[PDB]
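Chemist: In case you want the letters, here they are:
2 protein chains.
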Amino acid sequence: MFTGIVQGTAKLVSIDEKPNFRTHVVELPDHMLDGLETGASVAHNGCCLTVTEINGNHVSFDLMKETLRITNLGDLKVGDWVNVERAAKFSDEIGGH
Amino acid sequence: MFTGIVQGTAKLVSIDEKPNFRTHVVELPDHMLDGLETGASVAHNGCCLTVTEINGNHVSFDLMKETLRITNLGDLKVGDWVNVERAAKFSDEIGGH
Ligand SMILES: Cc1cc2nc3c(=O)[nH]c(=O)nc-3n(C[C@H](O)[C@H](O)[C@H](O)CO)c2cc1C
Ligand SMILES: Cc1cc2nc3c(=O)[nH]c(=O)nc-3n(C[C@H](O)[C@H](O)[C@H](O)CO)c2cc1C
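Read top to bottom, the protein sequences are chains B and A.
So for the first sequence, the deposited numbering puts the first residue at 1; every next one is plus one.
So for the second sequence, the deposited numbering puts the first residue at 1; every next one is plus one.
Please note that a few of the clues may not be correct.
Pairs of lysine-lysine, BS3-like flavour, derived with a Cα cap of 27 Å [what the hints assert, rightly or not]:
1. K77/B x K89/A
2. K11/B x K77/B
3. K89/B x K11/B
4. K77/A x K65/B
5. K11/B x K11/A
6. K89/A x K11/B
7. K65/B x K89/B
Using C-beta positions, here's what the derived DEER-type ranges look like [as the list claims (entries may be wrong)]:
8. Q7/B x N20/A: 43 to 53 Å
9. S14/A x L33/B: 32 to 42 Å
10. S91/A x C48/B: 16 to 26 Å
11. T38/A x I15/B: 33 to 43 Å
12. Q7/B x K89/A: 40 to 50 Å
13. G39/B x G56/A: 19 to 29 Å
14. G95/B x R69/A: 19 to 29 Å
15. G95/B x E37/A: 32 to 42 Å
16. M64/B x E37/A: 15 to 25 Å
FYI, nobody ran anything at the bench for these hints, they're computed from the structure.
The beta-carbon is built from N, C-alpha and C at its ideal position, and this holds for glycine as well.
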């Protein structure tokens with residue numbers, strides 16, 4: 001199975017470039033501002049990465065430069081928005097339905 | 001669980017715009033040229049869409065204009081590449097890794 005369907009979108013507003021790692025920050029909309037936190041895994045259109053820090057409604061994520069070229073993450077540009085979805089490192093997974 | 005990890009990438013080479021639907025074509029690399037076919041579901045960085053047609057190594061996919069704005073698919077631009085992964089409409093037993 002697979003849906004690639006996103007809970008909501010994010011607005012690229014700032015790029016943070018560190019010679020050790022690349023960092024990108026987006027602006028979380030009203031329905032993604034709630035629940036998300038640092039260390040969370042956000043998938044941008046389906047590419048999972050973790051929150052390095054939250055700048056209020058904004059969230060910076062970490063991104064390896066070679067991973068950026070290897071992935072299609074490098075394509076991101078500020079002023080654009082991203083399909084963002086919340087991912088969890090671990091879950092109880094009782095079952096439910 | 002969630003990985004957002006892509007089998008390989010695709011190069012946007014042509015956009016096909018139809019007033020009824022928007023169409024986008026990418027260039028499939030050597031390890032994605034094998035196996036993929038029209039009517040298949042490719043996820044571009046994790047957004048699943050179906051192949052409208054294959055142009056040799058290229059593949060055009062369908063994309064609704066409002067879906068494009070609602071998603072972050074509209075962000076695509078020719079000359080760029082995309083994280084592309086193969087998805088199947090149905091499987092005997094999730095026999096896909
Ligand atoms: C659970 C998970 C989290 C990941 N997080 C990131 C990330 O925060 N930044 C990144 O550039 N790649 C991330 N990746 C991509 C992966 O670690 C690796 O970089 C690519 O698969 C190959 O470059 C993640 C992959 C997985 C499975
Ligand atoms: C299985 C599946 C396939 C989808 N295929 C496409 C597609 O080919 N083109 C597109 O613009 N959206 C596609 N979507 C997105 C979805 O149908 C719908 O457009 C968005 O969730 C809301 O606009 C697909 C969603 C699912 C679950």
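Chemist: If a hint holds in the structure, say so; if it does not, say that too.
Modeler: Against the structure, the hints come out as follows:
Pair hint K77/B plus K89/A does not hold up; C-alpha atoms about 32 Å apart against a cutoff of 27 Å. A threshold of 27 Å between alpha carbons decides the hint, and for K11/B with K77/B the separation of about 10 Å falls inside it, so the pair holds. Distance check on the hinted pair: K89/B and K11/B sit about 23 Å apart at the alpha-carbon level, within 27 Å; holds. The straight-line distance between the Cα atoms of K77/A and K65/B is roughly 20 Å, inside the 27 Å bound, and the hint therefore holds.
This hinted pair checks out: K11/B and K11/A have alpha carbons roughly 24 Å apart, not beyond 27 Å. A hinted pair counts as satisfied when its Cα atoms are at most 27 Å apart, and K89/A with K11/B does not qualify at roughly 31 Å. Between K65/B and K89/B the CA atoms are separated by roughly 23 Å; this keeps the pair inside 27 Å, and the hint holds. For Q7/B paired with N20/A, a C-beta distance near 29 Å fails the hint of 43 to 53 Å.
The hinted range of 32 to 42 Å is satisfied by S14/A and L33/B, whose Cβ atoms lie roughly 38 Å apart. Roughly 22 Å separates the CB atoms of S91/A and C48/B, a value that falls within the hinted 16 to 26 Å. A beta carbon spacing of about 37 Å between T38/A and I15/B agrees with the range 33 to 43 Å that was offered as a hint. Distance hint check for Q7/B and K89/A: the Cβ-Cβ separation is about 23 Å, which falls outside the suggested range of 40 to 50 Å.
Take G39/B and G56/A: their Cβ atoms lie about 44 Å apart, and the range 19 to 29 Å is violated. One distance hint, 19 to 29 Å for the beta-carbon pair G95/B and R69/A, is violated here, with the actual separation near 37 Å. Remark: the range hint 32 to 42 Å for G95/B to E37/A is upheld by a beta-carbon distance near 35 Å. Roughly 32 Å separates the CB atoms of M64/B and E37/A, a value that falls outside the hinted 15 to 25 Å.
In the structure shown, a violation is registered for the earlier hints numbered 1, 6, 8, 12, 13, 14 and 16, in ascending order.
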